[PDB]
Structure formats: C-alpha cells, structure tokens
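In structure tokens, the next block holds one chain alone, the form deposited without the partner chain.
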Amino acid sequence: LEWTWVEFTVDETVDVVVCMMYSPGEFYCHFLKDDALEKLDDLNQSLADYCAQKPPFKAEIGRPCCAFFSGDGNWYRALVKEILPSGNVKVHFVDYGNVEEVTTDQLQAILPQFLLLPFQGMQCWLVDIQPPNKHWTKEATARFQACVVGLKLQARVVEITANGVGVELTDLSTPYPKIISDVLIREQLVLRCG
C-alpha cells in the first residue's frame, strides 16, 4: 500500500480552513486546492459503502486502514499509531488530524483506490513566532481560535517539511488584511522569532 500528503511549492499562496486546533505551533488545515473538499466528501461516501459489508485486519504501526470514529459513527481513513497492552489501538485520522483509541473490531483493511487522494489533515504552525514564557498560554490559543474559527483564510506556505508545513495565515474578510501572526505579536501574546 502507498499514500501521500498534499504537496506544495515554496511561497505557494492557497486558501485554507482550520479544522483541528491545539496551539499556534500545532493545528490542522484543509487546503482548498484540486477540489480537495469535494473529493474528500465523495471518498467518505465510498468508504461508508465499502465498510458496510461482511467484515473484510492485521493492525501494525504505520499501516493504512479504515477506522470507525465513535464521535459521529462513521468510517474514515486512518494510520495505526500505537498498539496498547489491551487489544486496542491508537490511530491518527489522516484527513482531520485527530488521534483516538479504538477496539480491533473498529478497524478494517483499506483498498488501494481509497488511497489515490492525498491525505488532507495537514499539520501546520505559524512561522516566525515563539512562546513568550516557554509553553503556549491558553489566552494565545484562544485568540488564535477567535481569529480563525469558521473562516476561510489565505495561507502562504513559507516552509515545507515531510511532516507538516509552516504557514502565514491572512484573513481577507475586510480591506484591512489581518495577518494572524502579526496580530498575536502586536497584542503581546507571542514573541517574534527575531
């Protein structure tokens, strides 16, 4: 089995929506390119059909699979993260960035044609900022949430790695462009990486 993350070129501007959110150094974005959100929804419908069959699984680290999310009762794409002392396994939901605990009956084998679409839960962080103390305050997390929730921001991909990208987010909902990182620095909630 083979799979991929969404790819970028340096300084690529592209629209995003933040789905998951833990800190300014850790959040997950859906990137609006190549009809990603349209294709992801179609994929999840296909997976509901396939995973509604007579149980077609050898759970091993880094193996792709169909995991069942109890939080809404549907099957989504996943990667095995850890195997616990119990018969339970920790998985990462690759299209959304969250990690959960599930029983072995809540896992399935994934067919190759459901891997053709890149995984869409892109790990992200704001570039050129740091924690003022040494860990992120929750007041910094809270305004970052405030400024991004249910909003379609412009992202500029400033640094690429194998395991996530560093971005600069801009809210263009008014003629005054609100660059998030500058807002967190100007409001003394984080320090610049000068």
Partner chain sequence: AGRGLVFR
Contents of the next structure:
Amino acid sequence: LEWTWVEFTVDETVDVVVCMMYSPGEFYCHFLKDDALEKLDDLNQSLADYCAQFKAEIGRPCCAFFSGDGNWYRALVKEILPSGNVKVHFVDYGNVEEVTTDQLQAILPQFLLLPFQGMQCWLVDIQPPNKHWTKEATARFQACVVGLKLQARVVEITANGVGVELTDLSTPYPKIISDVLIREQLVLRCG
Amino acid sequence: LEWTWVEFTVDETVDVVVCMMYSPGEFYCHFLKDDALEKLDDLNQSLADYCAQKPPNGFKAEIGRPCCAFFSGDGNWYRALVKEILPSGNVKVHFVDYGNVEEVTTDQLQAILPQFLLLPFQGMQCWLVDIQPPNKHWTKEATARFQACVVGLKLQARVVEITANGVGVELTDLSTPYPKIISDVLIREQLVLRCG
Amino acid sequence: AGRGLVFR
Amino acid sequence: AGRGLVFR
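Shown: the form deposited without the partner chain; wanted: the form solved in complex with the partner chain:
All chains and molecules follow, beginning with the one already shown.
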C-alpha cells in the first residue's frame, strides 16, 4: 500500500472549498481541479459498496466509519489508545475521530490511486497576536469562507501542507481573506 | 496570567522519570532537579484544596489559556492549558505537568490563580536524538520496546538540543554498573534507524 | 455533529 | 487507564 497527496506548482491558482477548519494556521481544502470532487464521490460510492458487505498500525491506510454522516471513508491510523480504540485521520477531509475496531476495515490498493484530497493549508503572511489563534480570529475566518468557493494561490509548498493566499471572487470586488483578519485586529502581519 | 517551563543548559545532565509516552519522538519527563517532584506534589495538594471548594469558578475557555482541569484517570485537579474547543461544548486540555491531553466538560474546568503558576510547568516534551523511524511513522513495536526500557526506572538524561517546544535527549539507564543507552537498544534491535 | 469546526 | 501510553 502506497499513496500520494494532491500536487501543486508554486504560485498555482486554483479554486477551493474549505472542508475542515481549526484555525487560520490550520484548515483543510478540496482543490477543485482534475475532476477531484467527482472522482472523490465516485471513490466514496465504491467504498460504501465495498465496506457494506484490519490490523491497526500507526500511519497505516484503511477504511473507517464516520459517525457524523454514517458513511465509510479513506483514513490513516493516527493513534492507538489503551481502551483499544483507534484515532483515524480522514485523509480526504482532514478531521480526526476516535473509532472502535468494528469501525475499521482494510483498504484495497485500487482505492489508493486517487490522490488524498484533504489538503492541509495555512494562510500566509499572518500570525496570532499573542501565541495562539483566538476563537474570535478563527470564527471570523470561518465567516469569511462558509458556503463559498474561493480562489487559492499556492505560495509555499511544504512536505506537511500548503501556505495559501485566499481570495473571495463571488462579487466584482475581490476580498483577500488575510486583509479582513489583519484589518479587524484579529491577527498580526507576518513575513 | 503568565508561566514558564523548566529551563535547561545545553549538555546539562539530569535524572528523569518518564511521565507520559507517545513514541521515541514524543515523550514527557519529569526532570528531577530543584526539588521538582516535591514542589509539584505541594502545588497539587494546594490545587485540591482550592478546587474542592463550593462554589467552583466561572472559567471562560480560550485557546492556550491556563486553568485547573479535573483528570478522571485519578480524580484529582491539575494544571492545564486549553488546547481545543469542540462543537459539543467540551474542551480538550493539555495537562502541563504530565503531558497528556484529555477531553473535559465545563464542570471539569476552573480558573487558575497566579500563585499556582509560579512553579515552572513540569511535563517537558522530549525526543531521543540520533534516531528516526524506518519508514515515516513510529511503529507500536518501536514504541513498546522504548516503554519497556523506561518503565519504573529513573534514567540519566543529557539535554543535547533545546527547542522552543521541547528538548532532544540522550537517555541512559544507570541502574546497574553496565550503562544502557536507550537509542542503542532501539537501533541494535532494528526498530529505528540512525539519524544525523 | 458532522465535520464541524474545532477551535485550535 | 491513568496516564497510559498512547501510540502515536
């Protein structure tokens, strides 16, 4: 079993929808290129069929049941707990949940061809005012992205994620999300 | 409210007991210097008395804020930092003197007072130096072997590198005349790879 | 509930 | 069960 993440070039502009959020320094996006959304749905349907009819190791791929919507999804084992439960990282969305052994199944190799789609992002050129992202800053960021396709520009590519500049183009007046957070005193400039 | 961690000098040698374990790249130690274990016992006693009283405190959770949090593992209150706030309304807390993170409810949190923040935070994040996982993740086997090298033992730690978030250490077992460097064990046994 | 925001 | 090892 081997796999990959969505790949990018530096300064690539691409449309995104935020699929999971923790802070302005940690949120997850579906990158809307190469028929991603459609291929991911197709894959998810194949998984529901396959799972409808596993030895845990850290970093190992699997199918895991997500109780939030009651469907099976691609995951990697993140933690193994004393209880015998396992925390899994849902690789196409970016959330982590604690599941039981019954909520895990081995994944088939042909299910690892589509690149993993929960791409970790952070907004470039900002930092927390103090040491940690506040609820207010994150809540405001969330208000800026909820229900929206945004333009993302990939500014920096690291092994563990991508620093992006996000712009809302839903009206003729473009709105760069960092602008809002800086202007409203919620985060400090950085870089 | 402000606080500190335990502080070190490069190449400082100091006895440790491991208080929390996740991997060879992530474990937590009590460093046995400056009467730490005793001052930490005394603080915890003081937190039990303070937390015990009716009414409890109105605590407002904010990320990275210090508090007192109830640990259901042993039923006592300890020092903590807010790590996460969950949709349910529950809060994950980092127990700062031990290194574990637990999900608690709002009745299991109380505001902390400045006099309880004088003692430096004692759960020091560590990693063993000069090793790396064979692939990209620490195996259960590598982690359980490591645990079997430290359980119930006081070890010598040499602080080789200091970063903002923790310390890289070399750990040696001196409980017999034959010193045992824990990394040697893990490398020899093929459970981890040399690094550097 | 589902994939709800978690403050971190 | 108390502060038990958690594999990560």
